[PDB]
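Every protein chain except one is present and positioned as in the full complex.
Every chain is named by a letter (A, B and C) in the order it is written, and numbering of its residues begins at 1.
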Amino acid sequence: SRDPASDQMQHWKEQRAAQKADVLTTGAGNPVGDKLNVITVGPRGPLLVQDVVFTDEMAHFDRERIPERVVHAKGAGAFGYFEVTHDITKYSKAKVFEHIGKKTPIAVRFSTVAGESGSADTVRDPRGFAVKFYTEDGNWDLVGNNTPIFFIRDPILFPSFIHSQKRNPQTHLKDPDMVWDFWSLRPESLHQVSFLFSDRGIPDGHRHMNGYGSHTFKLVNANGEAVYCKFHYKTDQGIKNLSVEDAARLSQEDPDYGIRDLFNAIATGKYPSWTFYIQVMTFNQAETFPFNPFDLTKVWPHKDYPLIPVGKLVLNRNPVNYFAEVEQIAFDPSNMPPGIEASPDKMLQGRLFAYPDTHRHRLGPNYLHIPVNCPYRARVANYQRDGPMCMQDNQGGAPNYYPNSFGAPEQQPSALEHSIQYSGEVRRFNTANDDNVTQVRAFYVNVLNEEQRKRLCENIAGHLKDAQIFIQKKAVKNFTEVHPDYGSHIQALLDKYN
Amino acid sequence: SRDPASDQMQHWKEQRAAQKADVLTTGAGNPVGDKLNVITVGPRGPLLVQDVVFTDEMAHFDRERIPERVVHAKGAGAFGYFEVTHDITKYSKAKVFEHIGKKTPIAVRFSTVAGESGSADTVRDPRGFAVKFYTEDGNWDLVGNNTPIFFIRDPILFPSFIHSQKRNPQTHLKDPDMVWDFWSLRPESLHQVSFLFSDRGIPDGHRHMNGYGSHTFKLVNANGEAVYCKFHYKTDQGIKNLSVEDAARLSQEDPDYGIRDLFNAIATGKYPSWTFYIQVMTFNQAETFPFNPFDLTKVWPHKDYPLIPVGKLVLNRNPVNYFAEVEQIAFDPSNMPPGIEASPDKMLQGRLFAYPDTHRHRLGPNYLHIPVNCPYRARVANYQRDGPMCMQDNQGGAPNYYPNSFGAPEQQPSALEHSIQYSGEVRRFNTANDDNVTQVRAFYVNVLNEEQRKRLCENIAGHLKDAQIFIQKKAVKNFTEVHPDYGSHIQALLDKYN
Amino acid sequence: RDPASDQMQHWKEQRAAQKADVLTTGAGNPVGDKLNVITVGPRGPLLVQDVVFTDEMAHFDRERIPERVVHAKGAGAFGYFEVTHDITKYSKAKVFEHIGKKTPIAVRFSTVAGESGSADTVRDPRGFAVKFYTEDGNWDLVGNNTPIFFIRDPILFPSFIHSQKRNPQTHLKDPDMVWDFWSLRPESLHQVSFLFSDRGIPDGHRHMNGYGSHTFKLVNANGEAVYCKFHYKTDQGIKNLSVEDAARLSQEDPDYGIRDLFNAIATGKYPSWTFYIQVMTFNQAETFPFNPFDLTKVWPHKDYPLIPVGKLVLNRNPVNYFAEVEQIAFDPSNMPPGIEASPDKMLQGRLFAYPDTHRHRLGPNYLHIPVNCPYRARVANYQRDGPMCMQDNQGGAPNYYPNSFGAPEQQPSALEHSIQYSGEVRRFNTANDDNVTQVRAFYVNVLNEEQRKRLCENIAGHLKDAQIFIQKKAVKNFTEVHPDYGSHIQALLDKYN
Partner (left out) sequence: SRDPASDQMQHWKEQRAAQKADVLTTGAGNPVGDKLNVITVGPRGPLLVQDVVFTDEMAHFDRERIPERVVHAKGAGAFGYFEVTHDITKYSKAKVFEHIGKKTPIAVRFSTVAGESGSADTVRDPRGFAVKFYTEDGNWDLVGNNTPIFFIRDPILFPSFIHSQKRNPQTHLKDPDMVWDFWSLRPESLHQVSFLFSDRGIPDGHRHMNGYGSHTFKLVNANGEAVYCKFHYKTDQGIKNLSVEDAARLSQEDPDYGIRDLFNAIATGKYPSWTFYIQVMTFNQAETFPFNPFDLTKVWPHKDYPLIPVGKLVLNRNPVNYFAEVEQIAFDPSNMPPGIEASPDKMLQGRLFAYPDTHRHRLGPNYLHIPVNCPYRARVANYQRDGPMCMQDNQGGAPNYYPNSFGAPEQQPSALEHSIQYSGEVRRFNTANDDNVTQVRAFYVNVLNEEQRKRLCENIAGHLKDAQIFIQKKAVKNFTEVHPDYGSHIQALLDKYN
């Protein structure tokens, strides 16, 4: 017998040893006599409409596909739990943190970003690391990435950015001109691009990478005080990356390497886990931070903002039905329980709207009714009703209007969001020149070593070489601004390729 | 205090007297601090995207509506059961009738035909009387009307007919020219038209009308022997209609009369019931039938095909949430368990396709998952998977292909459909010219007395008068063919109106 | 008979000599016979080979789309807008750029609660949405036949609507729901008073006024901004329907409004409205006795006189109601340079809702629908794909911005007007803002003895079916408006009970 993943059916069959097989039926529960032949008028006669068994089955088959996630299409999933290991109640009143030892069920989905559903796992691309906490105060979705930062600092460019990362609207081909025209034109990307083209650009499976909330968030405590925070979840399996050669080879031998790896890890009991930490920055600290504490292209230096342990994330359960538990899963950053709130980070602010929006499309108006999306650890009650595919009792006959003198659900004052005062004009503040290099310099010079700097360049050049000369120069100019050697080294490599 | 219906909220409140109101939450189950004021910058400042509570509720509100039924849009719903009173196992083997005293849960929806959701109940129009039986062999939908016949005998004319019965494509107004041009051009309608324009055209509520399967179906017993049949469910509350005047008055005073009546009736304990009967024609009789036994414009004279008592239909339960239980309910005539099958009635044949098709549209691909539509008294097991809003376990990790050697669901021979021999050309056989007057003549002369015949002509005249003269002439020519008196009486009336 | 009734006859005549076109499937395949399906033998079963059938049936099975969540019942027409006065000092919007300038428009009138098959002549406010196809993109002025509204915060809308519609269980209209809500939210008094007055049931769409209702902002070439109110008065005059008549018409002709408008236009009696605006400077807004952005308040014409701008003329009926009316979509957010929103919470909420609901009711690419596309402007951006992409998807143009390949460029002059606000970012309760003053002035001055009487009996007529306690809560609110208002009402309730 092979790996647990390939023995799926066998095991399933074996689990129903002394069991009689179920009667094959139509979607309406009507028993089927022969689902192996269609109804024709005579052996060599035409098909009949009366064959509803056929139609019923075919019609469903003709409808099993839904739109894939506009981004992070390709992915994997697992379930497990979150466990509180440390007291951070002085920062957040969130029930999910209330007591050390408290466990909250979680659902996770790892994923690449650019490729569609049939693309490979072992390719350079950041990785999605979404977490769904089913808490008593509703679901908390920490839709993070394997990176603490991102390519841009303003939501309105995301569509374009994604467009540049995807296929040429006409040829339907990946287009390095698109990729680098955008990147060279928008140097804020410089930070994430460096991360991207480094060794961590292609993690060895999902268990060997870190997770981050990336954006700065706000934590409010029982007394109502509030501080800003960052979420970090380090792999307990340790960071491990794939060499470009192996990544390339595997992308050929097993496009689903990531899915397979995870399933077998859990299937054999090697349950992966991550240690959950947070970074805290008081309003006063934020005021004097050397950068914009909400700029997604920046990080909070550990030296200045030490990691504060919070708990453990553990995945011990594989999905039973991928489509139902993984494909259909939906995470909304806007899903925050009392104690956790949003920060003025423009990128975040954007995602606040986008996620429920896209879900209403990809999945449907009542996507939250879907089992894996349902906040089963909370009592959903409100004045919302109906909608396509209303799968529950639709809250029965409870009064559907607020306020009302008939005892329908009431709002609880203690759940009010924290309020801060802001000043200045209401307009479009440009942020294209918000220091696009400083931290990148620190990364290149202080974080990486010679060996790694070499590879990073080789990686950037290997792809960049296919872009037009003028783009190459533009890109290189920005790289030179990060550090002279960074740009020069790349250029040299380009010279050879060209 | 008032009618049970009007006291709806009051009761709900009373039933929950001793308990505390639920906590108002968003869709993701997050508690809400204030759902009465949105978030703004300062008292008179703009709105924030951060106010997801707002967006969450609005977004759902924005999506409450689903496509109303393409026909029979306005209706009422209720629940109860069907009880077998007589043994007809010698004709059918369907579990629904397996033994006297057996009870099967039922769902029923009454409706008009042409009008849209906000139309009145008390208007001349046939009435929908659909029943859903939750059988062990899956669901059985007996989608019937309050008439044993219909206006046309070929499905391909249905869309047209319906169009002629709805609004003018440009003015969006009802159009007597459209209605009568079709009817006058298509005389098969004479029969039903006559029935529609009689006192039965406006039933006093849904409790005082009969129900019919209309089409000729086929029953199969345990020996494999089959026969054709008709279904009839006579009102035990007795036939009762509304006068033209009262209906007109009611349409204005209470457009929802039927809904109110039914709800209250049940709410007060006066559960309505119908005696279920069947007619039976052997294959031999089918050969000697003076007309086409599968012609939806023909009836089986009670004289030669006596009604056979089978059981009772009982509605003892009001819906709890209209949208979820009535609006979303779907009936498919194709849903027939072993022991009950379709006949070659072209109309029925067409219906075998239409319903599940249209349901996949207004409700959705997995419309059968919806609670009210689920065949909860049977275990649904097959090789159908995925699809939008797949609210279930999607049958987990079970093998998804048939055949398979891993224990998945199996076809059951006993459930094989009965088969009839057929020979001939595969083409479009015209039926426009089948008998369109004989049975109509019987109805006019015999089923109706002088008072009724008078009213019928007035009703027709009252409406036909607004059609152009040529149309009037054509239409009068048809009636005259049924009977000189019929044609003349109408013309006499038309002359006066003109 | 009337033009409407002759719709088909005229179509037939319009061709006259012409033979009929060939009947084809959706794929354009000619149909041999569309009156009989394919069976095996005269009395045999139906074949799947009959695709002509399936083709037609399948489409029929999908004819419907969700009716508008509200204002489902309506009527439409088209025409134009003509500038007659120069207000370029207040707005640089191209629609007003010059006296005599004509811009095509699209209008849809509607009721509110009732669904698609409900009657026209019922008490309810009336939607008066206008779509301007300008060179600077479409401008949707989504108005009502009233200057005010029942609430001042958006988060209460879904709730209000619910109360106005059917009970969730019985599916019936519930006066308890209606009044419990109103009685609990007295800010509704103003509009409620308007609703139960003679204007409650206009005599058709041609005899009522149109209002932008909300406070908006105009911006001129110099970058100077002012607040405004859009008003469009019927040139056919205000004409209402007595309850008795409305009732009868609701039975006799549930579509009286649709027929009336159609026949009017079909017979050359093109209806028109005179477009006006009220203006308030930023400083005036500082001293206004109430929140100038409160949707339950009006700007006294006495302190803010109407300034004529142009005319609104409807002279073209729809050719296909579905395609041209049912599918039409108005987005309050559709405002060209020169016209912007004000901080009116309600409006702010609508900015979001309409396009949102539209993607649901019509689809992602609902702007590609003929009646909905800005045909007077050239759409060029980085938006691509999505369901039913009916244009050319902007061909092979670079789909990312910025780009070095000549794709569309933003134009600075289009930047919105920037104001500087302050205060904490939170939910500021507004339930206690003045809820009576203007209402009292409506009852005392806008109305006369007869109107007040009717108003009271109309309210009583409906309010009497609600539970006594709600009746009490309601009357109390009315009494705060005016003692006689409350007293007259209660007296009537007393007889009813």
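Here is the rule we go by: contacts are C-beta pairs under 8 Å (C-beta built on N, C-alpha and C of every residue); 3 or more make two chains touch, one makes a residue touch a chain.
Participant: Which candidate, A:115, A:311 or A:487, sits in contact with the chain we can't see?
Facilitator: Selected residue, touching the omitted chain: A:115.
Participant: Can you work out which residue in C:232, C:275, C:304 or C:352 touches the chain that's missing from view?
Facilitator: Spelled out, the listed residue whose C-beta touches the missing chain is C:352.
Participant: Pick out the residues on subunit A that sit against the missing chain.
Facilitator: Residues of subunit A in contact with the hidden chain: 2, 5-6, 8-10, 33-48, 50, 53-55, 57-70, 73-74, 76, 115-119, 154-159, 162, 167-178, 181, 248-249, 251-252, 255-256, 259-260, 263, 292, 294, 318-323, 326, 342, 344, 346, 349-350, 352-354, 357-358, 361-362, 422-432, 466, 468.
Participant: Suppose we count only contacts with the excluded chain; which residues of subunit C make the list?
Facilitator: 7-9, 11-12, 15, 18, 20-35, 38, 40, 45, 48-49, 51, 54-56, 58-60, 62-65, 134, 136-138, 319-320, 322-323, 327, 331, 333-337, 341, 348-349, 351-352, 355-356, 359, 362-370, 374, 376-398, 401-416, 421, 425
Participant: Pick out the residues on subunit B that sit against the missing chain.
Facilitator: Answer for subunit B: residues 41, 45-50, 157, 159-161, 163-164, 168-170, 178, 181-182, 185-186, 357, 360-361, 365, 383-385, 394-406, 416-417, 419-428, 470-471, 474 touch the chain left out.
Just so we're on the same page, only the chains that are shown with their structure count from here on.
Participant: Rounded to the nearest whole Å, what is the centre-to-centre distance of subunit A and subunit B, using the mean of the C-alpha atoms as each centre?
Facilitator: 46
Participant: Using Cα averages as centroids, what's the distance between subunit B and subunit C in whole Å?
Facilitator: It comes to 34 Å between the two C-alpha centres.
Participant: Touching at least two other chains at once: which residues of subunit A meet that condition?
Facilitator: 41, 45-46, 49-50, 357, 360, 365, 383-385, 394-399, 402-404, 406, 416-417, 422, 426
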